[PDB]
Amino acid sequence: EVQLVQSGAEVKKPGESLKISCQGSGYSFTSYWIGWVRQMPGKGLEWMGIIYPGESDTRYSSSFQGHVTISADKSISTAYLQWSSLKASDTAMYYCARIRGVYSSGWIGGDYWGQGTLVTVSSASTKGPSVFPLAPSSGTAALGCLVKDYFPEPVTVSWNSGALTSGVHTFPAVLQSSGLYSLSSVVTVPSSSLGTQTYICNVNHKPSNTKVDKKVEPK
């Protein structure tokens, strides 16, 4: 199976440099163009450029030429996107994508995509979240975890280390007037289960290397 795997979310101060990466597997890395797409928060998609690994050929989209460097290392099947001096304007999700190829006199779009790399450019300090229980009350019961006061995005939440997925709603994060993010993750479960079943929310905030488990018990 073709797979593209990108490096993890990054937070950088303005003016710093940054290099993110994307590793292709399951195909001949030197046989396909691969490149980078920017998606700014709440916006659409923009090509930044593409590279043909091992053939000395990088092509930049017109608004990105001169502002980023795209490169590749075929021996580790990895493509790169690099800024010498970041601006807060570079805060975005970045995707790598394999270009399927060409036909006749034009191109095909991207047939396989990486999972995306969130890049946050900010002067604010990184801060790990606090995790608080949303305890079930007293048919159906609801419980959860409040993940409060972190920066930057993202955090991820699982329940019971991935075993509990049905009924789970992890809400999009909200930016508080503080400048810090918060989110909640909730799950609905049968009321009869509350005595016996274990519910642990697992919170990971990689930018701060924070891992928190919270056991959520009837109040």
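Positions refer to the first chain, counted from 1. The term rigid core refers to the maximal set of C-alpha atoms that superpose within 1.5 Å between the two forms. What changes on going to the form deposited in another entry:
- Compared between the two forms on the core, the listed residues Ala72, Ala97, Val131, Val121 keep their C-alpha shifts below 2 Å, save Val131.
- Domain rotation between the two forms: smaller rigid part turned by 31 degrees relative to the larger, from C-alpha superpositions.
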The other form holds:
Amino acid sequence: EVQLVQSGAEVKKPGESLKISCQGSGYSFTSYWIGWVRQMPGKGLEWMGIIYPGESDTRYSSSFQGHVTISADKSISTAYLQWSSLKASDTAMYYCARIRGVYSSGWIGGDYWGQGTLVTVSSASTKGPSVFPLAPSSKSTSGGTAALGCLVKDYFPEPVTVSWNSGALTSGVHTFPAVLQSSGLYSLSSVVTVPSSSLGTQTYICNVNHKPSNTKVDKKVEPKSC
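Moving on from the form deposited in one PDB entry, please list the structure of the form deposited in another entry.
Shown next is a single chain and nothing more.
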């Protein structure tokens, strides 16, 4: 099988250099164009450029050559994307993609894609979250159903994961996408709805894991008497 495998997620500060990579296997690496695609947060897809490995032929898209260098080392079947001075605006998902080929007088799109490399560029530094309960009360009940949750505040970088009762509670859970605050730190909540009757019989614990800071927190969410 054709496979493109990209290097792992990156977190950098502005002004730093960065080189990410994509290694092809399962096909003749020097026989296909391969290139890079940017997807900024919440946005669509943009070509950055392509390269034909084992020839000297790099073709950049738009104005990307002024900020990035695309290169390849055919001897290890690897393509690269590199920055000399990152900006926060480089925060994006980056994909490598193999170009299927050409026909007649034009090109085909990308037939095989890497899994993506997340790049975060920020002046923020690693920080684990504070975890606060969203305790069920008479203001978070609706017709015999109670909502409860945990507020996972002030962490950097993404991601955090949240489970409930160590994974035993999955039905009714919504863990929201994180928002970036003006401080540069992320925040999210995770909520679940349960029968209000269960508040007196079932313990509810949110399990928060922020692997980038080695922070793991259990927070019991205790029913309020109000």
